[PDB]
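Data block below; observations after.
Up next is chain A:
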Amino acid sequence: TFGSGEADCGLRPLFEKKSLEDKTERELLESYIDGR
Partner candidate 1 sequence: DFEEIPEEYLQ
Partner candidate 2 sequence: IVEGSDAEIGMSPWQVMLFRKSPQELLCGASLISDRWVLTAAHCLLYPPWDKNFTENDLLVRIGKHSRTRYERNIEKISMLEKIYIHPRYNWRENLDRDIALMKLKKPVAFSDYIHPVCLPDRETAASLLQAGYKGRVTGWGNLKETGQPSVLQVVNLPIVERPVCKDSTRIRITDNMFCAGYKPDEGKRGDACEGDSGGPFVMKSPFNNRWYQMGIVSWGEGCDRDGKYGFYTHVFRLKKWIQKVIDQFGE
């Protein structure tokens, strides 16, 4: 809704919330000169 979202915004019930990655996110994180 506003800054940084809504509170429970941005975390997906079937991925982040379960600690599951979707097949191409790696690609993004790697482009930010790699994230861990």
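The candidate set was assembled so that all candidates are chains of the complex that A comes from, given by their letters.
Here, contacts are C-beta pairs under 8 Å (C-beta built on N, C-alpha and C of every residue); 3 or more make two chains touch, one makes a residue touch a chain; residues count from 1.
*Asks:* Have a look at 1 or 2 and point out the one touching chain A within this complex.
*Replies:* 2
*Asks:* Which of the residues in chain A come into contact with candidate 2 in the complex?
*Replies:* Interface residues on the chain A side: 1-6, 8-16, 22-25, 27-29, 31-32, 35-36.
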